[PDB]
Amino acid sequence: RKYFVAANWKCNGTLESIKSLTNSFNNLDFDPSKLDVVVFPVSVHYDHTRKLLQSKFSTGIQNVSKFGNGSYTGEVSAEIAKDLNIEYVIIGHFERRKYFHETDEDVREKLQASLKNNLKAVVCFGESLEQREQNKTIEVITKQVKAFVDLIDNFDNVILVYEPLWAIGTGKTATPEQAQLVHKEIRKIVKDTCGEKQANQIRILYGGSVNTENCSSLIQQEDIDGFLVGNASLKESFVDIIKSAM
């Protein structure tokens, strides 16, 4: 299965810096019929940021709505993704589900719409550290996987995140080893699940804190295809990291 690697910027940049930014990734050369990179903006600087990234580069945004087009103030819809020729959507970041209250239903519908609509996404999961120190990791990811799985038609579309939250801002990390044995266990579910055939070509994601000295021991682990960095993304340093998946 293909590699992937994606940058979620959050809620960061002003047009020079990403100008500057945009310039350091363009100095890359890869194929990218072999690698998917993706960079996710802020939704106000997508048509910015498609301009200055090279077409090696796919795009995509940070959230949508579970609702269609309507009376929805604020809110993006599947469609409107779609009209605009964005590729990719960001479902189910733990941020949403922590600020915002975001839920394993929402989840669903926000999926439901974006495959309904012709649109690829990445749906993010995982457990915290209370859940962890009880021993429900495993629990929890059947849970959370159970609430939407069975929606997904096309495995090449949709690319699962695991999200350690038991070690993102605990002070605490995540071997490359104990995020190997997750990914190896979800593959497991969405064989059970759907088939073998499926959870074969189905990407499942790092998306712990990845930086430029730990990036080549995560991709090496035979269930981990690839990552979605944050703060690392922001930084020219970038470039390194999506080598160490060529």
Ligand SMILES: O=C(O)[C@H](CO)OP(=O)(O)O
The other form holds:
Protein chains: 2
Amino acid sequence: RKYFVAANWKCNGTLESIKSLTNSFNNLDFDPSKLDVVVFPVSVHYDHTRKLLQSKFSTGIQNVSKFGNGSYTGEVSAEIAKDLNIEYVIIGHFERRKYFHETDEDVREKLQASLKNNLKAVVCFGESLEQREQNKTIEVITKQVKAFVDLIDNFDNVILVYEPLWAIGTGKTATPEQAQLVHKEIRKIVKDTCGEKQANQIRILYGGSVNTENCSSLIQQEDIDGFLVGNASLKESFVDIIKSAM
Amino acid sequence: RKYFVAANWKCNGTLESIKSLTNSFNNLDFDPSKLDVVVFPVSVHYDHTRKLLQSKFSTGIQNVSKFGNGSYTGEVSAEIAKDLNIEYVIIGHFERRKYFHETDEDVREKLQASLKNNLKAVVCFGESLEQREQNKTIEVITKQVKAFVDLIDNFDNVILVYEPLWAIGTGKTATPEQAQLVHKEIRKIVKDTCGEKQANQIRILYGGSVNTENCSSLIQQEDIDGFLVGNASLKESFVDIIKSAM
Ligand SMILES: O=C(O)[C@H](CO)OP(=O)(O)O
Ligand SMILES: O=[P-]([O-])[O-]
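Same protein, the form deposited with the named molecule bound this time rather than the form deposited without the named molecule?
Complete assembly follows, chain above in first position.
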């Protein structure tokens, strides 16, 4: 599988901080045919970020609308993303499910709209602390993945992300071994639902706390194909996280 | 009061269509010291739009986060807007109340963040067909305005918009006089919750259907200080709607 390292800048940045951060990223010599490196700035920072990053970096946005063009004040359609050659979208991030009540059906509709417009999708899911302590991790992830997985018609163009919500902001820690087991089962669902080749092709990223210290322990696991990185991707040392995939 | 004519492009535009439309808008000679004219493109179109419009046109975005900077994937904070010199935000548009379940409390929180970060805000509210048919227009608008109105300190920098939801896709039609009656009531609510001077300063825009054939009849009404214009603002003839306020 081609490894995939993504920077989710979330709701952070200034014009000047992005100028310095993108300059630092550009100093890393990597081959984009060997690994994908994608930066997801805030929507209003996209043009600045895409201009400042060298062409080896891919870019995307952090959300996309389930509606197409029309009377949807504040939304960005997949059609507008296509017209701007915004290559990737994040869908289903836990912060959208938590604060903006995004549902599995919304994730399905956004994936559908994205694929129809030739956008590549980074689709997020994962179980809560209570679900995990109830031994419901596989029931929860299965339902979340089955909400959308039958739409995938090209297994390079959809990238899955496991978010261990039980170990985000809970004072709990996931280990590489724990993450590897969930990733194996995610790949088993894709297998079940879409077939063995397709399952062995798709990228499944880890979306819990990634930093320069733990990144290699994660990506060296057999079924962990890269990361969706949050706060560590706002630092110049994010290049060392990319190096773990090189 | 200075009149205020705003283009809510909603979720519409291509880079090419915006190049043509902004060129047509730039041909209109008007004096921005006498009239505010504000364009609200989609977030990922903002940079292109602001570079293409002469500064006589003010610009803004169609939504803003209720949260500040941080782990809010997909949101745009008021701090980020301010660093980009985005001048205006729309808050509380009925489409966000409808499709994204934005509440009065969300509107308040977005307004507080916006004003904290020295943005100007276009704040929308209005009653449904059922509410009007139950004779609850004033009760409903009083509650919607009182959810946020105490946050306003500079009554030039918050602009209210009445959206007659009862006449939007209902087959019902608001006459300019019916609009005027609600605008006068909104101004009375501001007078009694804030003060007389405050109420006489604040702009109250009509946010129902505005086109080249009705704009003159609306802006002549005493308590109508401009418009938040939808589909008609995607047309070159929007310049004639601007002229009606000149
Ligand atoms: O990966 C995301 O996009 C996350 C959600 O937590 O951020 P972090 O890497 O800091 O945990
Ligand atoms: O966009 P509205 O005036 O129909």
